[PDB]
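Every protein chain but one is kept in place in this view of the complex.
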Amino acid sequence: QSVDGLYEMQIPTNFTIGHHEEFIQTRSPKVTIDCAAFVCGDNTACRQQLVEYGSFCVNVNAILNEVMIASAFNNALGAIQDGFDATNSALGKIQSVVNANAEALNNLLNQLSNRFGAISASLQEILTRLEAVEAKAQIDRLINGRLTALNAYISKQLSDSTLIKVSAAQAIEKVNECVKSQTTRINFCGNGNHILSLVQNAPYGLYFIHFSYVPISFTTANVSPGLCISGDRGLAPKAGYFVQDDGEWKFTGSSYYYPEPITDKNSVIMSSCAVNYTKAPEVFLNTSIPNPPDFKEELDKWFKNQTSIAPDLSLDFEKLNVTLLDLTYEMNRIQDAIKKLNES
Amino acid sequence: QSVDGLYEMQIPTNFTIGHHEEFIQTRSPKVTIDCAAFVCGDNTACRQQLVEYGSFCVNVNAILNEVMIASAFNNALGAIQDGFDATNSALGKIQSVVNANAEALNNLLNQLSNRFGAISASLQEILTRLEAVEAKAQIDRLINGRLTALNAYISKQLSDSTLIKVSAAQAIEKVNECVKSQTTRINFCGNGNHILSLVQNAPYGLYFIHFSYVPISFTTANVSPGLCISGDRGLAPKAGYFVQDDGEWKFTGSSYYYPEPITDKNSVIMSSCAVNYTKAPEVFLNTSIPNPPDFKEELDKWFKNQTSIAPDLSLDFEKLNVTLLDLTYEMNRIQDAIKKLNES
Partner (left out) sequence: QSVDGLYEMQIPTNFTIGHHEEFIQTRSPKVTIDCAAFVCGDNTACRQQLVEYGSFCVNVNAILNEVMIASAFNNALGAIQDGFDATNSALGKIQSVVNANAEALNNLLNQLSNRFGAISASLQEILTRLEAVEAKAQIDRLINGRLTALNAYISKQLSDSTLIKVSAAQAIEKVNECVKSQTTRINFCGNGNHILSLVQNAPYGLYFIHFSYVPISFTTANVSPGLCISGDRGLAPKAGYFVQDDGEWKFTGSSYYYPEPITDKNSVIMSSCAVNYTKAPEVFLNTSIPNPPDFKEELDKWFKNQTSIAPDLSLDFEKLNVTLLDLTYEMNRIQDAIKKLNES
């Protein structure tokens, strides 16, 4: 009684002697990243800022590398003289005040000239200082772009370094079980069935020569996983397979064969013809990167909506009313009086 | 004479035929990171800045994917006329100068209005330009936060990719020594003692069926690592263990057994009963991240403590003294003279 089924395998029938040359890398080229070269190159402007960025490459490289009428007349003269004197005094007052105010206006013009000058100078300072900040901000964004790429490359470089550490470990076992000894493995240490091997060095690792023989010809047999007698005792093959041959059972060694009748030295007497099926759980590395919470909503938690406006720098003409003197009219009256006094 | 001690193992006594189903992932899902989606999402504001950040995703994805008275009278008229004429001339001068200065003040008011207007406009330009810079700086900090997280995820993604490369290599050996051949290994290629196996593909790797039998029942024996005769010749077991049985020594095969008397084909004649104890050094990956030099102390090396102040834009009233004309007093004297001349 065949156990279960799922029979069939290719069984060696004849062999060929041959070689298999192989190389395993066991050590990596050493690296140094000259961060500035990676980030920007030789544009002085980026250099100027990178030097303020902190000692960045210390960590990058440490990680990667270590890895009656007369009286009236005289009376009038008195009044006339006093009249003219009062005028004389008034003209005196006018000259003084008007000239004083004229000077005050001239002093104002000079002070204003300087105040405006100073404002102009200040505004240029602000514009230069502010524009410089804005321009640098454009540069900083490009630099951070480049540095985050640098980190992507550090990670790739380290990952490959780890893969080498693993590979090198494999090389050590291949030395221990292929050159320092003769193992009993199939399709390892070269191919086929191992005989002998050589190990020589190569620039970054080990170069192996494996001597072995390989199945070169083989046949097909409906090899059974096992057999139960028609009754209740099970039989497993030992280092071979149960092979049905014209309906009967013989078995073959798994490395080369003769359909030998199954004897009691070619099988294991089983505790039961029952088949115990088991199944390992599957672990699948379906990694994905989550999309972080909305940018705006996060930013708003601390973002400052700070605004301001310029002062209302505007003069109010309502309280500033400057006018003219229409004296000519009165002057004309004076002139007329002068002419009348040319007639009396 | 038992050698050393540290005896005891579980030895197979009976067997069961069964299966072990197994899956090995050999290839990863392909990924692309659409950096913008990761960093911020669809907030136009972040998009606006990210496009200025440089061609960031080129490197991110390339890495992850590729992986007488009358005379006196007339005399007086002369003087009176000249007196009035001099007044007339003076009033002329006054009208002209005062009006001229009045115009100068009006021109000043108009020029000042424009100068202040221009200052106001400039201040608004600065405030807009400056506030815009400050607001963007708040955004840049959030973006860099998000990009540094992106790099943490690239590294995790690459690390898992490396782990798959290692796993895939394991799959290849499990194919070469379990399906393409029958190996002689224990608790490998499935479980127990390998007989046969099948390999079929699955979406991301290989799915194996392993046929084998397993110890299902076993016993306990105080198996010795070795034995020395009571004298000086040592004996090591071959593919089995020395088992003491009612005080004498038999040995058992390690895969199943009969307590067979130790014969000269069940042991190795040793060069000495001496025991050579050795010990590998321990390599323990207790990695830690150093805490970098103090932030302030580093920053200060280049930090610029640059300050400035606004110009002292203040008018000095000391040199600007504007006053009034108290002419009324003299006018009153004139008026009195006029009245006196109404009496003479």
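We just call them A and B in the order they show up, numbering each chain from 1.
To be clear about the criterion, contacts are C-beta pairs under 8 Å (C-beta built on N, C-alpha and C of every residue); 3 or more make two chains touch, one makes a residue touch a chain.
Peer 1: Out of A:11, A:164, A:171 or A:221, which touches the unshown chain?
Peer 2: The one listed residue touching the chain not shown is A:164.
Peer 1: Out of B:32, B:55 or B:217, point to the residue that touches the absent chain in the complete complex.
Peer 2: B:55
Methods note: only the chains that are shown with their structure count from here on.
Peer 1: Return the distance between the CA-based centres of chain A and chain B, expressed in whole Å.
Peer 2: Comparing mean C-alpha positions, chain B is 7 Å from chain A.
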